[PDB]
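Chemist: So the chains spell out like this:
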Amino acid sequence: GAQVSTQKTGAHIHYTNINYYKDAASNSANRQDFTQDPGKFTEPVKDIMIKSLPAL
Amino acid sequence: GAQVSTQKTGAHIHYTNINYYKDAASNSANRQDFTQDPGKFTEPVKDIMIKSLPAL
Amino acid sequence: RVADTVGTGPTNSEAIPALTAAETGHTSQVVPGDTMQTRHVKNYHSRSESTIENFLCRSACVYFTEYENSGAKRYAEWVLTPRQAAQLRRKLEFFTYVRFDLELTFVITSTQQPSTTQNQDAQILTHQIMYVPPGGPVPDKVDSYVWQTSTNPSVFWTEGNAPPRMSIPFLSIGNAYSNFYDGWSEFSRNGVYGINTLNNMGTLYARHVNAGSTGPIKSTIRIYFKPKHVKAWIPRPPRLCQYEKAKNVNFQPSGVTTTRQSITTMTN
Amino acid sequence: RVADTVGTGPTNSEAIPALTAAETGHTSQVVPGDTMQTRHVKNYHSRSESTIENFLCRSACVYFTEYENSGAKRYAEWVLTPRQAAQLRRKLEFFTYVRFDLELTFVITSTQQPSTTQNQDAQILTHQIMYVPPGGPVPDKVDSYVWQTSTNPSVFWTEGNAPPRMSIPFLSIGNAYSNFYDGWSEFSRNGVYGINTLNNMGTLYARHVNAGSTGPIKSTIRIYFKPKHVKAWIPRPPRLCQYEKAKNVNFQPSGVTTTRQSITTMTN
Amino acid sequence: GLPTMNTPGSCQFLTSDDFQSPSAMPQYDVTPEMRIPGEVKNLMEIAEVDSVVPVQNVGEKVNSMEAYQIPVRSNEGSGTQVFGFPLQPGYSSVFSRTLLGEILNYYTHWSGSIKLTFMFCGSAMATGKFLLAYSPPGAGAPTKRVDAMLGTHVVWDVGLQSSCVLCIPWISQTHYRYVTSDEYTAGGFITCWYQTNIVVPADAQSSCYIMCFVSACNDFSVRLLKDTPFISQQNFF
Amino acid sequence: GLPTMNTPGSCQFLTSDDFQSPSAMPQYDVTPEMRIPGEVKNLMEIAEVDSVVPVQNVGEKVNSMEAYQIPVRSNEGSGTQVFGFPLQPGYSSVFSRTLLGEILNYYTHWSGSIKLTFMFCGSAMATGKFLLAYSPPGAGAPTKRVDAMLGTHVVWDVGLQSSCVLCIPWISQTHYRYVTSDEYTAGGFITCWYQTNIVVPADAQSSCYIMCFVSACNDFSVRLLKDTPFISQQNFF
Amino acid sequence: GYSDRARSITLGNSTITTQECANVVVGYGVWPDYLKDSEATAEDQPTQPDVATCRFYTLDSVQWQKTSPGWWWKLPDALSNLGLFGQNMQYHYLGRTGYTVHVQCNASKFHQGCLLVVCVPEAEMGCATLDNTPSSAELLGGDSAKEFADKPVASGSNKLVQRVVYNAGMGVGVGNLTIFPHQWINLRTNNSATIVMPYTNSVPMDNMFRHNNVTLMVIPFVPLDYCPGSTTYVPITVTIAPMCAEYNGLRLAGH
Amino acid sequence: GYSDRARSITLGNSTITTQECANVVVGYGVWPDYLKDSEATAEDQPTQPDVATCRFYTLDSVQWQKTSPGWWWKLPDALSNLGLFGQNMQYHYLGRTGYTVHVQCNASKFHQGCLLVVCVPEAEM
Amino acid sequence: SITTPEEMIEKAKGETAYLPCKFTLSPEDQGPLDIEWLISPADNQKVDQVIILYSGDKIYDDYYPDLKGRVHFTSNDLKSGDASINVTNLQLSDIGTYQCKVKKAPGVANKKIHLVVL
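Chains as they are written, first to last, in UniProt numbering: chain A, 2 to 13, 25 to 68; chain B, 2 to 13, 25 to 68; chain C, 583 to 850; chain D, 583 to 850; chain E, 333 to 569; chain F, 333 to 569; chain G, 77 to 331; chain H, 77 to 201; chain I, 21 to 138.
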């Protein structure tokens, strides 16, 4: 039960990880978890505002 | 001969374990053994008692 | 996991769940919904940590003794029994018969004693711990021939290393260990009451393999008992009064519980 | 990765992206191409290091205390709280509620104190660190019976070895830890403002298992807190003024920012 | 010859660890398992069994069998309080020693319902009606039967059925509470009043007693294993 | 009994490491996750939100709400400078304290565009035209409106639309810059001039103010996590 | 042919009408809703009056002077003495609710000014003593609006909240307050600001007395100014309506 | 095997238990229900707390002496100062509700007596 | 945690000064309760001199001679958060700094009260 994942590499390779504890809180950090959702902070308005159209 | 089992996780992942001794009493504790049978302590009566029906 | 609360509505009927009889010795097992209006709830709580394996499988110090590299006392002997320490003992006494595997870990520390000796040079101290089975020969002196450990399991530990650890299989002539024995060893009932041939494991002997230094050194050994693959039978009430003697359940009468200023009082 | 710049040409039209209203509380989100002619660019930059897991998952010293092998002070006790150190604290206070796993690493160093004692022989010092849960008994003295650690997790470390490390699961009666609590513990609002039953972890006790040497020795223990599997909710403005008391956000009024000679000035 | 690198935490002794150790005695045959009744597999099963609770724990009564009994009688009045105590099974003196309280002292958090069973121990001719009631936190302990009725209550009538069960529902902001006394996680107040006066015939005692039994429901759990303060030791035995 | 060989770096403690450690408490059930609004998964999302910037940070104005406001008025002249500051979000005093500047102090490099939003806070009758402009490095800060026009500029006219946005394009030799002040990686100069004079009617104030909001674009990134100098501590609390 | 800057919100038996508004900020994109059976904890059936509890409650007005530092309110505390909502919590142990904050302020074309309307959850405020904590009376002003101080509050032995407007009593930059859901009223473009806030707390439900979930702050970054012969007195009315309120833990009234 | 003279009524968070009752009289054969859209008049949406308003409210007890003539109560008025019910009407112009009256009195076999429990609508005195 | 630990009390002569030292204990606190009232004189003589001590569920009222039979704990519970003392006869000498210490392992809480008599 070994998990093979891609290493952080530059642009323009793989690593194997096994869990030796059943605790699960004893695992390593989830470094490769990049997710972006700024829509809530930037625009929490009720009516969608198109850039081409004037605000008011 | 590696045994893959599920780690303890919260609600609302896996770990591999191998035995290096043939003694077997040399193994780790069975932490994941949750079984409930309180019926004997709570109701060891001969005749089953229904809650809807009055006791006596 | 645990049971999920079930949504209920006002009910007028002949059914009377709350009314019951405690004389039958049967627990009522009445849910909250029987006596009041509740909302459906999806409980995700789990009874994982309340299991006997989780409750009893922890290392607990049962006995610590000391020895010297010179002088009269040169070796320390202790017979295996968990009643030495009140903590681990009280947890074990929760049931009548317990069957489990045993794991032993020893922590050894050496402290230099005050002396007028000069130019003291110390060499890495090596400690030998020997386990003797019941009926096995016991060493009379530190430099006795018994320390050969031909058929006796023994462990040699050098200071600055991880503590020595060994796993012992369940040993009992009987099917399970007995926490409480009601009776006498003698068929004539003329002996210490509660003595049993059961729960007899062995004796532990600890000594310094080498003197190490001209100056006096004293080392204390602590024995840790961790139960494994534990099994429990016949649960009994927990100890209410402080333990006096390991051999007998002798106790001093103790107030059922603490008092309060009066009934109807919400504080201690 | 990040968004790629899009090539644009001169445009004359009724569309007015730059003109907008900031009263709506909506960010304009205007790209460079809307207001000027750009060339197509294939950006390969990635927002990897700016993630909360990457930002908060580093070991930071939160508290260091010392104890002796003789004299009055023989043991050191510290309650678990990350507000002791301003650095780790300020990073954590960025959000309102944070849920995360905790990893503890301890660095222990012993320094010999000045003394008139002669012929000093030192034995490898062993240190015991015991974690006590809220409501658990606390040891009155160094040689107290509590150090048995029957149900209390404890770690024994010998000098010259890698620092002891243990992993703690998220512990909070509430769904998530609360960085800022607005209110009083008492229903009558007559208590310390901002006190919460949440964020209570435990107390750490550190002592010397053995004296080791006749001469006096003092050891300092440093506690490191590394968050793991962190989660963040409701972002808030970063601290502007220096922390005075860990218990309350009490601060001293501070200039919004540094000054300059005048407006139109390109330097500080 | 495999390259290896040690990490922080090597050669350390954590009391609560799960590793493999060598067997002191190799190839040892243990005694075969025998069928013994009342096998336990979880501590909760023990905590679900009714335990007699000493409500009248006052003065020298804790040194007698009188602590467990609860006194009631015929009084020329109505709305009086039979008894009152807070919902603190781990900390309150009344529940600190029950099968539930004894087990709740080895854990830090507790979350679930509690069942209280009251058994009238008067004569067959003796009759009466009581108002068992539980009041939520954030309100002062009710002082009159008018105030107490507002909260969760159960009118109990003495009848052929010897006991009536009052089930305290779990009403808390957080998912868990604290076994040790804590103001933030306040439990609540449990009180009993006289719905109607006790009525007895001639040549019959007007003074009776009641028994309380406290057990846990099917949704009770505990967490954070800790040591029990009760047991104390200054030297080895 | 497997042969093993340790390598340089054994039994060492690196603060930024990713290894597995034993659990202090085994088999512990944590509280179930609850839905909480405004969850954050990346620091950049926070840095993309408009932050009020105090351009007029001079004298005792930083101790008042006047630092954020920017003064404009009716003057018998043209081509005058409303304000001027360099493109140094990490180091410049004007941006060192903004949501963008506060976050840029925990990183060493930064690469992306910057959005500046200016909101006229005058009366409805007040009207005017300004010349927002950004000038590249290697040329002296423009001193007259003739020089400033040469670089990236946006003529802003006061209108029903309250604010106009000036987007500073990323024009750099290297792929990244330095958050700390650095001569090699010079950013540029941002200035504002009067395209036309402010014009007001009778019984109307001729003195108005403007507000600046600075946020990042969708192509802004940071690197090299470092500690922030701002927070200081001499003793534990 | 509707107008973008024209709106009307109808809750219970109360209706508000604005003919000059910017938009509506719905918190962090979450709309007030009831508690689900998966995230609930209290086993007892929740009580939801709905029409009586959820309705617009207009608080006392304030005067916007040229030197006005700012004002602040505790949303749960403010409505504690108004209507059934106030009565409901007095008799209930737990309470979970959402709010809609409609700040109203109007002025003539000639008048020029600017205000910031922002909802800050868990706004723990500092105290001038630097050893004590602010008193309940100083922090909470039911049926009133607590004001900010321009000059720093004097430090001594007492329980007075640092009302410093620039640190805002939270020891943070006033300009960085836009991170929370907010809206701006400028007397040249806006005549009102409307914000919808979902219930936000670590626990599923909490006591509404000793604990305050959110805090409304109105601060003018640019001051109110106008020429002579104009209207000197300019008021500001705050209307707050609870949304999807529900209570648990019936008991005798009190706190 | 239930007993005819044994019952329990559960309303809101209150439960009553009787181990010696005769039966239950449901008015004139009509069970309390809400107002239908055909027989309603007030156009505004009705507010129904349900759990808080509908629950058992215990009034003060009285003493049954040998010369006790009798007692009387006004159902709407009696509960006007108790719980949310009392508060609800204080803030509402109209109100429509049904009631369940459980009179309780117990005595020993040796005691002998008799009482009449009756609900009289529009009892103009 | 002690409510308003730093404060100043002003009272006229012979008016009986009540000093409030109400505390609140955290879950971790499980050690023996020890209360210590130490007074620092305005005379500028030796400071940190104890007046009244409460330990081992017992009270000691003789640690400072000037206050002889004048300092009594206002509350009889004492274990309860309220741990306050009241001086019956206010005097000109009374002026000074009074420190209240509540020690329950782990964690020590301290309260300082400045007393001025008019």
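Possibly wrong hints are sitting among the right ones.
[As the list claims (entries may be wrong)] Okay, the calculated bits of chain D under chain F, using three or more residues with CB under 8 Å as the criterion:
hint, segment
1, 628–640
2, 746–758
3, 839–847
[Stated by the list, open to error] Sample of chain G residues at the chain F side, in silico, Cβ under 10 Å:
hint, residue
4, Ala98
5, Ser114
6, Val241
7, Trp260
[Stated by the list, open to error] Stretch by stretch, here's where chain B covers chain C in the computed footprint (C-beta under 8 Å, at least three residues):
hint, segment
8, 602–609
9, 644–655
10, 695–706
11, 718–731
These are computed hints drawn from the structure, not numbers from a lab. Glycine included, C-beta positions come from ideal geometry on N, C-alpha and C.
Chemist: With reference to the structure, classify each hint as holding or not holding.
Modeler: Verification of the hints:
{"no.": "1", "hint": "628–640", "verdict": "holds (count 9)"}
{"no.": "2", "hint": "746–758", "verdict": "holds (count 12)"}
{"no.": "3", "hint": "839–847", "verdict": "holds (count 9)"}
{"no.": "4", "hint": "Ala98", "verdict": "holds, 9 Å"}
{"no.": "5", "hint": "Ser114", "verdict": "holds, 8 Å"}
{"no.": "6", "hint": "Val241", "verdict": "holds, 6 Å"}
{"no.": "7", "hint": "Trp260", "verdict": "holds, 8 Å"}
{"no.": "8", "hint": "602–609", "verdict": "holds (count 6)"}
{"no.": "9", "hint": "644–655", "verdict": "violated (count 0)"}
{"no.": "10", "hint": "695–706", "verdict": "violated (count 0)"}
{"no.": "11", "hint": "718–731", "verdict": "violated (count 0)"}
The earlier numbered hints that this structure contradicts are 9, 10, 11.
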